[PDB]
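Just the one chain here, laid out as structure tokens, in the form deposited in one PDB entry.
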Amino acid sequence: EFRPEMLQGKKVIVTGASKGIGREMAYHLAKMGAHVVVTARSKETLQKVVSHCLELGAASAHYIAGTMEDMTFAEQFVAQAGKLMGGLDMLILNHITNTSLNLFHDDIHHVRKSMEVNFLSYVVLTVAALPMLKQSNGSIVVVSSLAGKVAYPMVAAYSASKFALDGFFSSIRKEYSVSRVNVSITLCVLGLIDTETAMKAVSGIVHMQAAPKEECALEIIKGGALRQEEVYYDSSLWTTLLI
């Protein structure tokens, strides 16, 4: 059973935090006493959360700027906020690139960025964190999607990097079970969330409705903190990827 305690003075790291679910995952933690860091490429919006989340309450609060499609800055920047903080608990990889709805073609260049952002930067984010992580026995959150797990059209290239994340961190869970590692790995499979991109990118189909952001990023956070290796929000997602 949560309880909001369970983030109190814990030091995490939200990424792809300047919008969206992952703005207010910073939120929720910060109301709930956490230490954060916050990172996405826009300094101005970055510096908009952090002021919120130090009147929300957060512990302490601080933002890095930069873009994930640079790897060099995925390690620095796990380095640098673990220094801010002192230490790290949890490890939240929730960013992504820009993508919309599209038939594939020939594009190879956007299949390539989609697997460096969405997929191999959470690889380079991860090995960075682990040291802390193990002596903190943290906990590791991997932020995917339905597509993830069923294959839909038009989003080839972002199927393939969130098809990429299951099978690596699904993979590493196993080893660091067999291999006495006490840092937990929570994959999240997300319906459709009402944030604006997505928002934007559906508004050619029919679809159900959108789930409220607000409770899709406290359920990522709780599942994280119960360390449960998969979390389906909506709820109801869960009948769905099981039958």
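We call the rigid core the largest set of C-alpha positions that still match within 1.5 Å between the two forms. Positions refer to the first chain, counted from 1. What changes on going to the form deposited in another entry:
After superposition on the rigid core, displacement of the C-alpha of residue 206 between the two forms amounts to 2 Å or more. Superposed on the core, the two forms differ at residue 236: its CA moves 2 Å or more between the two forms.
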Given for the second form:
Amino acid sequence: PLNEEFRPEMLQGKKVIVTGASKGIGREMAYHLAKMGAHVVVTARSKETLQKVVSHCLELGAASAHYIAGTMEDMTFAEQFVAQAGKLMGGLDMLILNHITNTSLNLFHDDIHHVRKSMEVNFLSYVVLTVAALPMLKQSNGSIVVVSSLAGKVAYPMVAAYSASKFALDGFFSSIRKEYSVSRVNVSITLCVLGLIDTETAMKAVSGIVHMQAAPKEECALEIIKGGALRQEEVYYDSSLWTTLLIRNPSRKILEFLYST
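Please supply the corresponding structure for the form deposited in another entry (the preceding block corresponds to the form deposited in one PDB entry).
Lone chain follows.
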């Protein structure tokens, strides 16, 4: 990690992809990234909402802003979106995996279809994008940024499929970080553990069932960008203070030393 204080200029001229960027934290990240003079390529499914975002980005001072629309249910699209984004920017420094299949609050009864879709979109596609991007990311000694959640560190009811997929990201990407450590690949992996953030999709899905405070999505977004710029292993963000301090697991840090050899 960059033993250093975050500077907005760290992101100037940086060639950055942001997925699920048509709303919520994805949008806000893209805007922040634009104000810092980044080249931004964004994706999502709705081209309409995507274009609007691209408008707002160019004004803000984005060195370049582009969009590509498609669904990450389709892995062939996943792959091509990254090569195409590479084109539009002339390389890739930071890859921001953020999109998720749309979810709500339910007791799991029989939806094996929602479980697979969550696994494919929330997780597998992240792996596809990662493979697509790794080449460019090695040359630029860039960064992968992976947005996760409290539900991907601890267990909560009514978010089973979602939690499995976030847990799966932890498992896969943490495991990959260590491989890059051994094989000396200089590409940072940052896992971001977000508590409730006030996106319009979250507050819609939380209404009635859950009473808890939502942290701003604007600071949430900056915080994720900083964690990746500074190449941290993990980032925690949550309105509370209780929360953010327990997330770190030193005993885990301890056992991961058994391999060291």
